[PDB]
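A lone chain, given as structure tokens: the form deposited in one PDB entry.
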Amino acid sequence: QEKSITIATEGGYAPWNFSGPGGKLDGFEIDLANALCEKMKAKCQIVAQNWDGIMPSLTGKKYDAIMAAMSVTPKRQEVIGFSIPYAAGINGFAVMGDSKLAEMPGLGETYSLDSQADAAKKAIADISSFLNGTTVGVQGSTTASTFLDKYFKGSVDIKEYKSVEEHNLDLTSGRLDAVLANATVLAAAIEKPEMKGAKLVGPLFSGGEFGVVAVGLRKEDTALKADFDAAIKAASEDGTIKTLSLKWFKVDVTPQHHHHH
């Protein structure tokens, strides 16, 4: 009876999905896939693969599902099917603890830009005047880069970087006073030893503009989408996602109801 589906991942984006000794895949998405497959009553094989042909391999029926921090976009929806989201994009600020900026009492608030925009707009105003005149770092060509441009332009000096590590290295130096980045990336980076003193400050921002992550499936595989959708829904309500999210990321990525069928 039981379905045997192959799940593809990148294997090079810790703590979401990362490589092992001979071939042991680990991370948030691996523990989540194992959990969803148990909810589905399916046998699953997780394979790591270069993103290049992940993709023609899925449309070619070599793979049946993709779990590689894959954002739902209008372009991807034209070519592939998507499950309901299993993670929502979250951005936050990090400063050095010994700095006067380390006390934005907006900790540890979490505001949706879609369902709590009122609380979000009031919070970004509190921040814009606290951060007034400061040099804020960000990785160029991201949702955090766009967010900082839309709401924090004029209030702060914005410096774009080509990696999170490069802006984090200039925060410890004093070159930058604050960084804004994906909260899963940020909490991981501040665990590095040359990153001691740095801490997550102010509120967490979630919303559709930060994107959402879901399972990539064949556009024709409507039954597999129905199976993933039921398991994702159950994993969201019983707190399986919150658990794994906090375990790997120290932040809760569980999405909201409005990102439904």
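Residue numbers count along the first chain shown, from 1. Compared with the form deposited in another entry:
- Assigning each C-alpha to the better-fitting of the two rigid parts between the two forms places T135 and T6 apart.
- Note on conformational change between the two forms: two rigid parts, with the smaller rotated by 42° relative to the larger (from C-alpha fits).
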Second form
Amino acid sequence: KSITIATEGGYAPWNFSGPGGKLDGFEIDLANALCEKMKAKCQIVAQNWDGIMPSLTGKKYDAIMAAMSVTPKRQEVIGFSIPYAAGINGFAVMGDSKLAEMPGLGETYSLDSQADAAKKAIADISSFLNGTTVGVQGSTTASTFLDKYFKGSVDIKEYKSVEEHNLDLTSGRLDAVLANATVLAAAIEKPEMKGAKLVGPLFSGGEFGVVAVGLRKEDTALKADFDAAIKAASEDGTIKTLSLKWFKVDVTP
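Previous: the form deposited in one PDB entry; requested now: the form deposited in another entry:
Shown below: the chain alone.
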């Protein structure tokens, strides 16, 4: 019994690599814990974000564990296991800038249960970010969110990876970036991002949704195995433990 799991490796603490390229993070530890429950040999591979879904359908590997949110558009092309996590997103800017004054600092809005307050916070941020350049990783729930609420207000610059937009924020090429808050909180702690800060509000639900294992639609048995393993790992505190270990928070839905 063997399962090849693809991750990106550019999204710490979910998935990243050590100095010599060894894949590590919450999803690597989770993949191994799930495969132990499934009684299967676990092979974790790296695949760039852009080609992660065509390589799954192309059978280069069997599953995706790369902090992939379940979205109706993705559900048209691939299948998903039951969720193991949920995404919370926010903006980061250079802490010195006037943009650090973004309203709603640290306030959290669920796009599902607080649609009225979230759309007001979004409207305030959009007006506040008028004429700025915002970096985002292309083909993400974050680029979808920016396209939906900030398009004619902000100049949206899309990047292949988080690392790429973060370097353009620190050089001053970008005014702000939008990404998963745990990813940004980890990134701004790195020496290269000295001076960067999380600002304004945090958003969950809606576009961001929940994170699950990406699988081919026809792999019903593999989905059934992952579903039983995630249920069992949620039930014995395994996922919560790994989340606290990596994120110092609980990302479980």
